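Engineer: Here the structure of chain C is known, so what remains is to put chains B and A with the ligands in place on it, guided by the hints.
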Amino acid sequence: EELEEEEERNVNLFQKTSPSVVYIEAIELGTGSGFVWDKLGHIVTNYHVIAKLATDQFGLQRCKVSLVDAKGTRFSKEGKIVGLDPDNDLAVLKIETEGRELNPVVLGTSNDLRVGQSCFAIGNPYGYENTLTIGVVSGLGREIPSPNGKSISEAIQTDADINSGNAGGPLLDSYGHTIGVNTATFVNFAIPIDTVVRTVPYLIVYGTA
Amino acid sequence: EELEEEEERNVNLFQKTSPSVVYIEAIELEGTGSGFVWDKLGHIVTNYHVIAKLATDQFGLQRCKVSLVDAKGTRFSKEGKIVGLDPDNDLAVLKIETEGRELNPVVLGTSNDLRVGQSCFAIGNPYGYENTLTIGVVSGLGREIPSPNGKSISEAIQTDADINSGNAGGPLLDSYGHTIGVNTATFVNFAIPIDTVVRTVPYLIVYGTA
Amino acid sequence: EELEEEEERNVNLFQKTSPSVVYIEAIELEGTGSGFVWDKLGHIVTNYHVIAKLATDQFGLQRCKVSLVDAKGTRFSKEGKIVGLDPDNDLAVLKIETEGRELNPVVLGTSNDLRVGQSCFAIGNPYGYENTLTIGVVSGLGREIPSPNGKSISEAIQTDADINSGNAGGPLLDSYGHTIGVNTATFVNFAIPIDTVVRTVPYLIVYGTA
Ligand SMILES: [Ca+2]
Ligand SMILES: [Ca+2]
Ligand SMILES: [Ca+2]
Ligand SMILES: [Ca+2]
Ligand SMILES: [Ca+2]
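If you read the sequences in order, they're chains C, B and A.
Positions 82 to 110, 129 to 285, 296 to 318 (the authors' numbering) are the ones given, in order, by the first sequence.
Positions 82 to 110, 128 to 285, 296 to 318 (the authors' numbering) are the ones given, in order, by the second sequence.
Positions 82 to 110, 128 to 285, 296 to 318 (the authors' numbering) are the ones given, in order, by the third sequence.
A portion of the hints provided could be inaccurate.
As the list claims (entries may be wrong) - DEER-style ranges, computed between Cβ atoms:
1) A:245 - B:160: 30 to 40 Å
2) C:262 - A:245: 34 to 44 Å
3) C:225 - A:85: 29 to 39 Å
4) A:138 - C:314: 51 to 61 Å
5) A:205 - C:171: 46 to 56 Å
6) A:129 - C:106: 34 to 44 Å
7) A:243 - B:160: 28 to 38 Å
8) B:197 - A:250: 29 to 39 Å
9) A:96 - B:313: 47 to 57 Å
10) C:318 - B:242: 43 to 53 Å
11) B:172 - A:250: 21 to 31 Å
It should be emphasised that the hints constitute simulated quantities derived from the structure, not laboratory data.
No residue lacks a Cβ here, since even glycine has one placed at the ideal position from N, Cα and C.
Chain C extracted, bound-state conformation:
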């Protein structure tokens, strides 16, 4: 492109990662983002994003997930809760792929981050297009033994604008790897990808951390 090198990396990073980002609507008969964990149809998001569906339930609460498959085709499916972890603000959902091929994130690591490197936050703000915000890693939080709801252990602080429009979506590094999960239930913060890598396999298999 006739774009600068940095613009080129940004543009490419978005083209290759936004197909992993999903849009989540909490309907009552609350909106958020999430991302594709695997080809089976597991979706990671924030607990706050699906808080009513998981607690109120009451029978009426449903969960619609919109995304894109490997061909580029927008589509939508009912999302079922597989596991919750409100302590780390994590939740896993499962959709039925039904032969659709998904685009899983590429997991990175959060223990070797350095304050000053680029970070990229992607969300799906209104159900239509995905959105990109860019900043740096501003801070690497301290270890919090019992996080309890409103406190992230090892939180990644960033100055990439993070709001409701992209909470639950991935925080990426300059290689396009996912190093965190955007939150907003609480100057912006992500849950480190290392906490998610330790926890998500237990939510899938046991249904709790």
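Structural biologist: For chains B and A with the ligands alone, kept in the frame of chain C given last:
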């Protein structure tokens, strides 16, 4: 300069484009805003909201002062007269008398070939004194809205360059220094795509409406 | 590193300048702020607003704790005493007892040759634990104000690097790691230009006032 390459680009872009930026004061005999020079005749583009009371209320008192800079670098000010309005797309055109002054028109770019991730530069004139620069990326390219009506932009450019009152109505630029949109604030920040402006402004000038 | 050149400069700038940054707690026997190490003797520069109650209220209980890091990397804390105040330019100087600790003073730069569009880096210590980094550009270079008086900065540096309570009183830096300003928040973000601090701080130290 001993500045990094990126700083150098930013510094030059601002030097070569800020002279196109104007400051707009809605006086009652309140509300301030930015706009930019469209051509050497003295046409100025801004937001409709920026000149809303002057255009709707009128009443008699409402005047319109425009401050800017000529090609020599000399600051100066003039009365601004409404030429056309397009509240649907949040656009307005004003006319000032140059009287032998040479202005610095923007360089129009295009907005249908933008890509999420490229750089954008928002320039305004926030308090009547110096121009201001904010830098971000194109965060989103909005969907088509056939009948925008007031508080909705068709093909809105979303950016994370900080956009406020201090620079509404001023230009959003790309890395070549071309204008690709118009900063709005009436509605996470949004610009009206320069393509909508390129189709609409010639009609505001010639007919006085879209 | 496998980091891009720009990330590399950012990462290094932070590593080499965050040890100069200090955390300031106004304890009543509240209000927190940042500041930075001016010299090896133990002088600390910050905002006046940050230590306002300790300087005006006093009463008796008001104390001032300062946390920082020595040249070996060891975190440590000390009582901080007011040396001089300058509320007109929102400046204050504090002194601590090093008692054989080696400190890390900022490297002073200049603010008169700044250009809108160059990079700037704001650093603070927001909750007493780690230091934070925010990155932007110089957005504006303010006009001269002969009598600033409280809520108005002469030659203010405007930036779009995020500036809040968590880093007020801390340094604003350029791409070389030099300090070009002091973050404020008592008043779109603003820093007090380092040139005003370079003229004023020697008087606060020696005479106790500007
Ligand atoms: Ca290129
Ligand atoms: Ca950059
Ligand atoms: Ca911001
Ligand atoms: Ca250079
Ligand atoms: Ca490298």
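Engineer: Look at the Cβ atoms of residue 96 of chain A and residue 313 of chain B and judge whether their distance stays inside 47 to 57 Å.
Structural biologist: The hint (47 to 57 Å, Cβ to Cβ) holds, given that residue 96 of chain A and residue 313 of chain B are roughly 56 Å apart.
Engineer: Evaluate the given range 34 to 44 Å for the C-beta pair formed by residue 262 of chain C and residue 245 of chain A.
Structural biologist: holds (40 Å)
Engineer: Return holds or violated for the Cβ distance of residue 197 of chain B and residue 250 of chain A against the range 29 to 39 Å.
Structural biologist: holds (36 Å)
Engineer: Given a hint of 30 to 40 Å, does the C-beta separation of residue 245 of chain A and residue 160 of chain B actually sit inside it?
Structural biologist: holds (34 Å)
Engineer: Quick check: does the Cβ-Cβ distance between residue 138 of chain A and residue 314 of chain C fall within 51 to 61 Å?
Structural biologist: For residue 314 of chain C against residue 138 of chain A, whose Cβ atoms are near 57 Å apart, the range 51 to 61 Å holds.
Engineer: Holds or violated: the 34 to 44 Å window for the beta-carbon distance between residue 129 of chain A and residue 106 of chain C?
Structural biologist: holds (42 Å)
Engineer: Are residue 205 of chain A and residue 171 of chain C spaced within 46 to 56 Å by their CB atoms?
Structural biologist: holds (52 Å)
Engineer: For the pair residue 225 of chain C and residue 85 of chain A, does the Cβ-Cβ distance stay inside 29 to 39 Å?
Structural biologist: holds (31 Å)
Engineer: Hint says 21 to 31 Å; check whether the CB-CB distance for residue 172 of chain B and residue 250 of chain A agrees.
Structural biologist: holds (27 Å)
Engineer: Taking the Cβ atom of residue 243 of chain A and the Cβ atom of residue 160 of chain B, is their distance within the range 28 to 38 Å?
Structural biologist: Between residue 243 of chain A and residue 160 of chain B, where Cβ atoms are some 31 Å apart, the hint holds.
Engineer: Using the Cβ atoms, figure out if residue 318 of chain C sits within 43 to 53 Å of residue 242 of chain B.
Structural biologist: holds (44 Å)
The structure is consistent with each of the numbered hints, conforming to all of them.
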